[PDB]
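A.B. asks: Read off the chains here:
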Amino acid sequence: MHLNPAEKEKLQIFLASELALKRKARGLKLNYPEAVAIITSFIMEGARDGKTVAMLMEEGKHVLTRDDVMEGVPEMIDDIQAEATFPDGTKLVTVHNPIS
Amino acid sequence: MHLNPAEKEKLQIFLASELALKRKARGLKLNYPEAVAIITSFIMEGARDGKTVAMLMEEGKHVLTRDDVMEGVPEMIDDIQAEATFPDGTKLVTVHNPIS
Amino acid sequence: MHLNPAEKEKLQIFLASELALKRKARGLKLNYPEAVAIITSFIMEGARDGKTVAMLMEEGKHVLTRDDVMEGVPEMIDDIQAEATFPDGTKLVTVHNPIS
Amino acid sequence: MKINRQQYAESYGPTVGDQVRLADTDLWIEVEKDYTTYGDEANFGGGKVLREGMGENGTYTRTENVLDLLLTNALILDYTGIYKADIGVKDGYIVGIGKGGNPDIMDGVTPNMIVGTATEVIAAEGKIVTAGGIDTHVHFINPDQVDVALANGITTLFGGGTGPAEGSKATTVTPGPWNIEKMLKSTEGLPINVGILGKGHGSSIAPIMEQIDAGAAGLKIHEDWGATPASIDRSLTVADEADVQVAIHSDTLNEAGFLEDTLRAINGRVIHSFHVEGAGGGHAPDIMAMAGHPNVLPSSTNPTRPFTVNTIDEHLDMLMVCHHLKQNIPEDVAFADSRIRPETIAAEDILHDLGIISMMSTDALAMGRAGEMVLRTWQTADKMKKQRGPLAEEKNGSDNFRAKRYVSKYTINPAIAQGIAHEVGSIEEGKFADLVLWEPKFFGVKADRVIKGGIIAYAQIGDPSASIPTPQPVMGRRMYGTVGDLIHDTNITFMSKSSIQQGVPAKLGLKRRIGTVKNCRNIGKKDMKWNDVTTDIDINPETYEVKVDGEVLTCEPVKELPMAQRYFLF
Amino acid sequence: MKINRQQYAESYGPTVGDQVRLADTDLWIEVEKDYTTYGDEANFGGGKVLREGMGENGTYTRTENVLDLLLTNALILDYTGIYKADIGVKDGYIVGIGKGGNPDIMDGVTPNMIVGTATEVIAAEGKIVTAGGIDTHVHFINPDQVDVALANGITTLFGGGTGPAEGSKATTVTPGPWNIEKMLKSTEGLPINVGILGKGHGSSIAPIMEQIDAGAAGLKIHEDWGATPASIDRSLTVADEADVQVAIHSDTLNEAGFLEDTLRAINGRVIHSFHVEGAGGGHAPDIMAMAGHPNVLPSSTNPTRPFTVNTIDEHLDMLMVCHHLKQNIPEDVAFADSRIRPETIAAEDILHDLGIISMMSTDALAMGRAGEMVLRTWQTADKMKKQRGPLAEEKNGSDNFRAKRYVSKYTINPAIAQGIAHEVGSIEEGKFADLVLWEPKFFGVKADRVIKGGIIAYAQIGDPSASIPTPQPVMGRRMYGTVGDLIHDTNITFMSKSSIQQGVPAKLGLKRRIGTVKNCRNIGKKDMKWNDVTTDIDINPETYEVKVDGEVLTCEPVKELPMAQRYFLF
Amino acid sequence: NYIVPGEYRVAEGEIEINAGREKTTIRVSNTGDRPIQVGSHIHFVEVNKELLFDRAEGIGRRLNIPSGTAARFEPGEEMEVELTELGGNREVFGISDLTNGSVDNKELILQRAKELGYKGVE
Ligand code: NI
Ligand code: NI
Ligand code: NI
Ligand code: NI
Ligand SMILES: [O-]
Ligand SMILES: [O-]
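Line order of the protein sequences matches chains AAA, AAA', AAA'', CCC, CCC' and BBB. A prime marks a further copy of an entry chain. Throughout the first sequence, residue numbering follows the authors' numbering, covering 1 to 100 in sequence. Throughout the second sequence, residue numbering follows the authors' numbering, covering 1 to 100 in sequence. Throughout the third sequence, residue numbering follows the authors' numbering, covering 1 to 100 in sequence. Throughout the fourth sequence, residue numbering follows the authors' numbering, covering 1 to 570 in sequence. Throughout the fifth sequence, residue numbering follows the authors' numbering, covering 1 to 570 in sequence. Throughout the sixth sequence, residue numbering follows the authors' numbering, covering 5 to 126 in sequence.
Hints listed in this document are in silico derivations from the structure and should not be mistaken for laboratory results. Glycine included, each C-beta is placed from N, C-alpha and C at the ideal position. Take these hints with a grain of salt, some might be off.
Keeping only pairs whose Cα atoms sit at most 20 angstroms apart, straight-line, the calculated SDA-like set for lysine to any residue is [to be verified]:
#, chain 1, residue 1, chain 2, residue 2
1, AAA', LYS24, AAA'', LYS61
2, CCC', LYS385, BBB, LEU56
3, BBB, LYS123, BBB, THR73
4, AAA'', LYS61, CCC, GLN327
5, CCC, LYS386, CCC, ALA564
6, AAA, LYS8, CCC, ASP144
7, AAA, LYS22, AAA', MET70
8, CCC, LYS326, BBB, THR29
9, CCC', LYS431, CCC', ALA170
10, AAA', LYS22, AAA'', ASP49
11, CCC', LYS386, CCC', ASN267
12, CCC', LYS326, AAA, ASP78
13, BBB, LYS118, BBB, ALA74
14, AAA', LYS91, CCC, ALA466
15, AAA', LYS91, AAA', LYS24
Chain CCC stretches covered by chain CCC' per the calculated footprint, using a threshold of three residues with CB under 8 angstroms from any CB of chain CCC' [unchecked claim]:
#, segment
16, 129–143
17, 180–187
18, 203–210
19, 252–265
20, 313–323
21, 362–370
In silico contact screen, one side only, chain CCC' against chain AAA'' (beta carbon under 7 angstroms); selected entries [to be verified]:
#, residue
22, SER465
23, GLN565
24, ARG566
25, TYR567
Please build the complete structure, drawing on both the sequences and the hints.
C.D. replies: What follows is the structure, encoded as structure tokens:
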């Protein structure tokens, strides 16, 4: 596979997102690390799909809403940042105030 | 996400449980680490759901039965222990003789 | 669970295979590490199922075809090798030219 | 007051006449004797015996017959016996095997096994305790291989390599003074005992000998460097002068000679014949005949151990891929068919059972599995019991004779072969405290705790954030014996007498304990414990049939092994 | 007997006139010459040439022209040429480039490249071998950054920082004697070469100079500490006395001056201009005009490399978030718009292609990617070939001229700029054996093996529990060169002459090899290999249009790059 | 324009090995009952005793085959091989200890070969 350090770490984010999505599916309001994991994995999968940085800056604000998460979680998350390989190489995505 | 050491390790248990559940779904009798993983992940998800320690001590004895696992596996597993964050903080769950 | 070093590492391969299978399911042509992960996990799960080394040497050539992967990926993968616990202990599987 | 035997064994571990199943095999070990005094067993905990004024002596300073560590109620499995005892450790060494506690109030206390203020306790009740495994066929290719070895109860790695360089990927060789110095320095960070082999190749003495003076513990002759009559001869001349062992991987190709030519070059001198069955290398097809000779210390590597239904398919393909051979080139297919032989692999199972092959080893990362030497030893013994029956020598329906024959193959015999059995390889008074605790349900599969120089180096233990150490995930982890400067005191670098006399440790700044290699050139097959058989092994050059005492040695491959899918997640 | 060229290249790697594609780019390198003697190629393995009495000499001791390590059949890509040779290493240094083996029986053996008893072998047939990358813009923020760098073939980190302190998160600065001493001690555990920059700020000499005497290898002038005329002047006075390099991140804000003011303060003295395009920092909007001057050694950082369709959206947002700027504050938007400019980023691609920007670097963890300096160098060269065509200087349809121009940007030119090219930065006899092996399919993406001081430090290698090292998972792992005390011998701490003369290594107990920084103040643009162009760069203050020789330099951003989604799991 | 990452585009032509050196063809027989494989760079007179050939014609020579390849003789197989000349100093040390110096010492090499039972010394 030739995994580099980042590829090994970022597998963890996908895994945490899968865990969080199972928790959301059985009706739980998600907590801070769950919410971050879901939005982060969404960004990385969007890059893999060939979306633009601008598309993901927009979409990342609509992945989870206030009623998906515990009290205070929207106000705990100011930004979520991820780097992923786009068709044009690694780029940084910052999603500001992802959950209003 | 702000993962601490335990959060990183315990992602592994969820992953091993997902692997084991796929093996059980395609008809395999489960082995020692598979069985432990499934029951452990069940306990940790139950804490996340807001069950009590007492509920999980009971439920953990009914997750897998003798006919789900290989010969000798029930007698290899005396106890399964897990710590997870309950609504009232971290608690220890011990499931005694989980598989009769 | 009593995980040894290899059991911990090989959980990563299963995880990368799950990620890659999700990418294939939403219509992406798979890349080099994705393709390797899928075929590797297939071999390890086949051992767990109790297939022979000879069965997996055959089957591993039919898991992904040229139209499942990006241009050049078939020619990048000369061999995929995995060791797994068969009913008769650890064995090495080499799948030559898995994707024609 | 009397205790029934079931309750006694549950509380203190088994006693005389009790049997224990090894993992999920059909091998049973029986307690031969017990050093305890019934009623004065040592144990540690709340309201237990090892407390001040009771089973712990409150008078004596550490120097006064007091232990640093007592392992209570151990079931020892060793070439010396299968028996119940307390094990006392002091200054990193086993100082007492017998009965620990307090002579103030207890009968039968071994006089230098006082539990005092200075004493740590490990509860071994219900555990099997063995010597650490001695792996003498290690390729140093990937440092991640050390934890793999520790998890299966290996405590000494003898071999060579500089990491994933082609010479090292093929051969157990650290070549020349500079590579040897570099790898002695690397060894300062490896939490296991180590000895380094130099290149056993040359036609002049000085290029070979300078490796011994630089700090090598032995030599490896390998066909990939030219296993010629000259290289064999010079290496053994060096070894006889330096008192180190020579390992050989002979000329598979028969290019400069057949087996008889290699034996003539050896000229009756002591040699360790690696992977003697020959799938791992050697004169095609008859190398395994080496194991009949009195001057040969013969080892197997582990992927042929034991003979299973996947072995041949796996090995033929592995050999073709490794050697870049083509299925459509007849010379390539002929070579592979000459080297991977069911006839010699089946016979290798039986030669182990008969005590004709004396040792196991891995061939870690070159053609063998760093964490499966102990595993496959017991799978072989289990298969042989199933196919050949209890050995004639057994009694009481126990497998003790087989268990001593097989434990010897990866503990004492490699240590004797290497000239290191004064330090390691068995649970005996005066030897280094390299000890492995096993739960019987995991015996030979996953070690519970690996003690190195009297401190735990590796353990199966759980969540480091938990209230107690048993919650999930339970996995193999490095313990305090591997941390900071304690890695120096808990591990031995084995070196030649000449490198030690010439001050190589001081020159390189080595802080590890330094072990001397010695008494390697005087020994033979007769010195291999429980595995001392010499005989004429005939290998038919047409059929590859192996005969001993006029009988063909053959057995079937098995479809299933114990110590396999019940235990492993992959 | 004759071998067809396809079979020859498959067995020994390519020879004269053969071409190799770099990864999945459209760049082709051609073998210019070959040091071999056809028929006497070196190779290692069963029945291969490097065996005793054959291609391995059995006579000579290590001192007698024998190598510690031979890399066989390497395709070298270096500023000095693109050619086929064996590489011989001894005492951690490259001692021979030519033909290795045994003068007993082989023609054309380079006299100090004898394969003897002491020699390890690395097979480089079918590999591209380069010098280790020299990254001169490193923020020491997170120790996990070292493996990231090694995985992409970087072997030297020059920069500053104390970990994730704000000063370090912004600036390549280890400030003052105490922080410098602490980070020299930290460096004892980092498996890569290191040089530390002090704070290039002050109005008195002594506060700046004491950092050089404490063990700094250079200085960094950064606007966040005040890139004032005084700080620039004092730093260059110190550098000229101490013979170390100064890196500058100039006054973006133009607060105390415009570019002409910074150049006046420099006063013709030698300086390394970091991220010279200016997105990473510098006089808005015209900093990149620095790259035209003869006393400027100009580098790019990597996130602008090359100009892609996501670059501007990514950089404008990154700058706003990092600087806590608000989209609704017009001064904040004006600042961002003045600093992130498609006109100068597009021109930066072309200035690299023309040899006007001499160096690449990361800006690791401050505004740049620790593991993408090599990656993005080749993506830039590939884009320029697609958009500008083969350079005029090319011949035979090869991209050799471009390949030497671009490899120079991350190997020899940073080493020359830093005063360390006597030790590192190229594959030349007498230099430290920092070598990177690449499979051509992974060239510039994922290194196969990273050699540090003649021992493998990092490798893409598989399951440590397997019979062989290739089974999955194959991932980047630290090798024996990083373990125990060998980390000291395989890595260099680069230090000022004065700190070395004053005994700082002994005072701090540094065990690493100590490298001397020297010959930094005599050099200029003319000394940058293949990248020596001086010219008047005009940047229009209204339109940000870049002109050289009266021509606007512009190119389009690309939607796709090679060395991207075919390779990476994320 | 299909891209195979890292592919070669080899030049036209062929590579002549051991160019300019004398070539010699000889018949060689494996008189033993086990296979013998002989590498490209072993001094040919020093191969396995049970290979029968004119030992004098192996002195100062090796197989004229690509570097790193080998010729295989099955039990009882006789076949022709082509030899080329050793180069460099034309000295051989070690291997079977038949030479230990110049390959010009034919008399001495053959005397040692004959005394040790290397087949085919006239
Ligand atoms: Ni071998
Ligand atoms: Ni080996
Ligand atoms: Ni900057
Ligand atoms: Ni910076
Ligand atoms: O081996
Ligand atoms: O920067």
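A.B. asks: None of the hints should be skipped; say for each whether it holds.
C.D. replies: The hints, checked one at a time:
1. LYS24(AAA') <-> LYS61(AAA''): Status violated; Cα separation ~26 angstroms.
2. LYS385(CCC') <-> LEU56(BBB): violated (61 angstroms)
3. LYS123(BBB) <-> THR73(BBB): This hinted pair is violated, its Cα atoms lying about 24 angstroms apart.
4. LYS61(AAA'') <-> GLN327(CCC): Given pair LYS61(AAA''), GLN327(CCC) holds - Cα atoms ~17 angstroms apart, limit 20 angstroms.
5. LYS386(CCC) <-> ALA564(CCC): Holds: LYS386(CCC) and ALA564(CCC) sit about 17 angstroms apart, inside 20 angstroms.
6. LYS8(AAA) <-> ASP144(CCC): Given that 20 angstroms is the threshold and the Cα spacing comes to 16 angstroms, the pair holds.
7. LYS22(AAA) <-> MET70(AAA'): violated (28 angstroms)
8. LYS326(CCC) <-> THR29(BBB): Since the Cα atoms of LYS326(CCC) and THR29(BBB) sit roughly 27 angstroms apart, the hinted pair is violated (cutoff 20 angstroms).
9. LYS431(CCC') <-> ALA170(CCC'): With a Cα-Cα distance of about 33 angstroms, the restraint between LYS431(CCC') and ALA170(CCC') is violated, given a limit of 20 angstroms.
10. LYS22(AAA') <-> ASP49(AAA''): Measuring from Cα to Cα gives roughly 11 angstroms; hence the hint holds.
11. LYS386(CCC') <-> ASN267(CCC'): violated (40 angstroms)
12. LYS326(CCC') <-> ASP78(AAA): The hint holds at about 14 angstroms.
13. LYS118(BBB) <-> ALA74(BBB): Outside the cut-off at roughly 25 angstroms; violated.
14. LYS91(AAA') <-> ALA466(CCC): holds (9 angstroms)
15. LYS91(AAA') <-> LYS24(AAA'): The given pair, whose Cα atoms are some 29 angstroms apart, is violated under the 20 angstroms limit.
16. 129–143: It holds, with 4 qualifying residues against the three required.
17. 180–187: holds (count 5)
18. 203–210: holds (count 6)
19. 252–265: holds (count 3)
20. 313–323: Contact hint for the segment 313–323 of chain CCC vs chain CCC': holds, 3 residues under 8 angstroms.
21. 362–370: Satisfied; 7 residues make the cut.
22. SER465: The hint holds - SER465(CCC') has a Cβ within 7 angstroms of chain AAA'', the shortest such distance being about 4 angstroms.
23. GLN565: At about 6 angstroms, which falls below the 7 angstroms cut-off, the nearest Cβ of chain AAA'' leaves the hint on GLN565(CCC') intact, so it holds.
24. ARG566: Hint holds; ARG566(CCC') Cβ to chain AAA'' Cβ min 5 angstroms, cut 7 angstroms.
25. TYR567: holds (6 angstroms)
Going down the numbered hints, you'll see the structure goes against 1, 2, 3, 7, 8, 9, 11, 13, 15, while the others check out.
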